[PDB]
Amino acid sequence: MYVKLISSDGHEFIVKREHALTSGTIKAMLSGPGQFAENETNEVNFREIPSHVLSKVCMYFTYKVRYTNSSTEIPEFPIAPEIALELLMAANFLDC
Amino acid sequence: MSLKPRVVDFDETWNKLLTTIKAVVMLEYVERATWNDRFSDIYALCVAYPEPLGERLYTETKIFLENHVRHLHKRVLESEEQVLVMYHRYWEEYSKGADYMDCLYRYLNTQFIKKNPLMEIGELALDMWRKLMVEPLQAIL
Amino acid sequence: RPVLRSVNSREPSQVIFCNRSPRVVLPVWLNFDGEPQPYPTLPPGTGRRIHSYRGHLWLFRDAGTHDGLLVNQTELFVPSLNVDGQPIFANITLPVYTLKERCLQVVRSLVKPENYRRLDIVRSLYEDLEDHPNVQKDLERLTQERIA
Amino acid sequence: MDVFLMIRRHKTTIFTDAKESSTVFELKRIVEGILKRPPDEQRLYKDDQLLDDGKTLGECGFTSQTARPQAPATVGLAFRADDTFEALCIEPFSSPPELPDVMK
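Residue numbers (PDB author numbering), protein chains in the order written: chain C, 17 to 112; chain D, 1 to 116, 135 to 159; chain A, 60 to 207; chain B, 1 to 104.
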């Protein structure tokens, strides 16, 4: 049902598992290895991503799930300039 | 640490990665925490300066598969009154293994073999086994 | 003789372009020789009447950045014959960009190209940034997808 | 109709969605399902305001127009304890560096 993503500074983000799978990297992390991925112990620790970046990543997951395959007018995804670089690196790393 | 390109010591890392890799090919246990960290290692390796250790990680992985598929060739070489069935068990094994590696090496796959005859980690595994099969395809007289 | 080009089907089709996106949209018509031709741009809350033809090809982009846009959920729009005199709609929408592609858009919009390499980001991303959206490249891609 | 939220307490954040028409108590149920603490031990807030169990999210000020997927509205959370009631504390996220000259 839900997965917990840990940022580098210790923040915990609990997001719907299906949303977190938007990330190919996260899909791959829990693909593994691949046994007992059902021991009820599902969490990921990102020791390279700060909470101000993981929070946006999660907002992107929610945005992504909501507007794909929706015929509603799709809005622009906002990225503040001072996080653009960190988000680009996180997006690259997480493959999403 | 950080996502930016870091100064990173190769062999310190390719060792721990190696332990995990050989674990993964033979389907032995990998604790998920270290699995996560192995992802973070193949990243740091791929982005590191002065020169990116992408290619070096590729070739170390390739030698690893050569030794392992040739070793499978020698372990199934011991008849045990059981070629094929041994061959089969080992191929089931080695295949799910190659899948899990293809997972683990994802970043090397997506971002490095865009450069290019190089092939994806999984596919590579398969070619190595196609020399384990090309060898008994010949020994079929 | 090119693959992606309009056929001069002398059969008229009434179309209304509807920009349901937040970008200024630049409509592009592929003529009979597959060369992309620009047309007047459209603001984000506007529509426009067009006299096209059955079998003509159209694609749409961000007027200022050349970012890809969708028309009726796809890359290309091809007018078909009108049913019951109802004009055929061409809905331009934003697509849901990958997070990485979206970040590349923001960063390209903020840094001059001659400075991409001065940014403190992973080496590999420099190439990605320099690979700005391009209609010709899309045409080559679409031609490949088309045949296979 | 949907409002998108991030429910936060002590360096913890839950991303979830809900109907503008749903009540506060139901949100406490979502939280109970995720963090395993009953509603009678939860206090939810919007800008230091204690949210009443019986009010709908719309009645509380949440609107699909403000709580969007890509820019969720924040909901504060506090827990009751051993004969006592906790003081709300939401640890702030990290900060980005100074914007580099080339982006200026």
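The set of hints was computed from the structure by calculation and includes no laboratory data. Among the hints, erroneous ones may be present.
Claimed, not checked - Only pairs whose alpha carbons sit at most 27 angstroms apart, straight line, appear in this in silico BS3-like list of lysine-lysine:
no. : chain 1 : residue 1 : chain 2 : residue 2
1   : A       : 196       : A       : 159
2   : B       : 55        : B       : 104
3   : B       : 55        : C       : 43
4   : A       : 171       : A       : 196
5   : D       : 74        : C       : 43
6   : C       : 20        : A       : 159
7   : A       : 159       : D       : 22
8   : C       : 32        : B       : 11
9   : D       : 96        : D       : 74
10  : D       : 4         : C       : 80
11  : B       : 46        : C       : 43
12  : D       : 96        : C       : 43
13  : D       : 4         : D       : 74
14  : C       : 20        : B       : 104
15  : B       : 19        : B       : 36
16  : B       : 36        : C       : 32
17  : C       : 43        : D       : 149
18  : D       : 74        : D       : 114
19  : C       : 20        : B       : 46
20  : D       : 114       : D       : 96
21  : D       : 115       : D       : 149
22  : D       : 74        : D       : 115
23  : C       : 32        : B       : 104
24  : B       : 46        : B       : 19
Cross-check of the supplied hints:
Taking the CA atoms of residue 196/A and residue 159/A, the gap is near 19 angstroms; set against the 27 angstroms cutoff, the hint holds. Under the criterion of a C-alpha separation no larger than 27 angstroms, the hint pairing residue 55/B with residue 104/B is inconsistent with the structure, at around 46 angstroms. For a cut-off of 27 angstroms, the pair hint linking residue 55/B to residue 43/C is broken: about 38 angstroms separates their Cα positions. Among the hinted pairs, residue 171/A with residue 196/A is consistent with the structure: their alpha-carbon atoms are about 22 angstroms apart, no more than 27 angstroms.
About 35 angstroms separates the Cα atoms of residue 74/D and residue 43/C, which puts this hinted pair outside 27 angstroms; it is violated. Distance check on the hinted pair: residue 20/C and residue 159/A sit about 22 angstroms apart at the alpha-carbon level, within 27 angstroms; holds. Restraint check: the Cα-Cα separation between residue 159/A and residue 22/D comes to about 32 angstroms, which exceeds 27 angstroms; the hinted pair is violated. Proposed proximity of residue 32/C and residue 11/B is supported: the alpha carbons are some 18 angstroms apart, at most 27 angstroms.
In summary, the hint linking residue 96/D to residue 74/D is supported, as the alpha carbons are separated by about 20 angstroms, within the 27 angstroms threshold. The straight-line distance between the Cα atoms of residue 4/D and residue 80/C is roughly 25 angstroms, inside the 27 angstroms bound, and the hint therefore holds. Restraint check for residue 46/B and residue 43/C: not satisfied, since their Cα atoms lie roughly 34 angstroms apart, outside the 27 angstroms limit. Between residue 96/D and residue 43/C the alpha-carbon distance is near 17 angstroms, which keeps this suggested pair within the 27 angstroms criterion.
Taken as a hint, the residue 4/D and residue 74/D pair is broken in the structure, with Cα atoms around 44 angstroms apart against an allowance of 27 angstroms. With a C-alpha separation of about 36 angstroms, the suggested pair residue 20/C and residue 104/B falls outside the 27 angstroms cut-off, and the hint is violated. A threshold of 27 angstroms between alpha carbons decides the hint, and for residue 19/B with residue 36/B the separation of about 22 angstroms falls inside it, so the pair holds. Distance restraint check for residue 36/B and residue 32/C: the Cα-Cα separation of roughly 16 angstroms lies within the 27 angstroms cut-off, and the hinted pair is therefore satisfied.
Distance restraint check for residue 43/C and residue 149/D: the Cα-Cα separation of roughly 31 angstroms exceeds the 27 angstroms cut-off, and the hinted pair is therefore not satisfied. The straight-line distance between the Cα atoms of residue 74/D and residue 114/D is roughly 35 angstroms, outside the 27 angstroms bound, and the hint therefore fails. Distance restraint check for residue 20/C and residue 46/B: the Cα-Cα separation of roughly 24 angstroms lies within the 27 angstroms cut-off, and the hinted pair is therefore satisfied. The hinted pair formed by residue 114/D and residue 96/D meets the criterion: a straight-line CA distance of about 24 angstroms does not exceed 27 angstroms.
Restraint check: the Cα-Cα separation between residue 115/D and residue 149/D comes to about 26 angstroms, which is no more than 27 angstroms; the hinted pair holds. The suggested pairing of residue 74/D with residue 115/D is violated, with an alpha-carbon distance near 35 angstroms, which exceeds 27 angstroms. Our distance criterion of 27 angstroms between C-alpha atoms is broken by residue 32/C and residue 104/B, whose separation comes to about 37 angstroms. About 16 angstroms separates the Cα atoms of residue 46/B and residue 19/B, which keeps this hinted pair within 27 angstroms; it holds.
The structure does not agree with the numbered hints 2, 3, 5, 7, 11, 13, 14, 17, 18, 22 and 23 stated previously, though it agrees with the rest.
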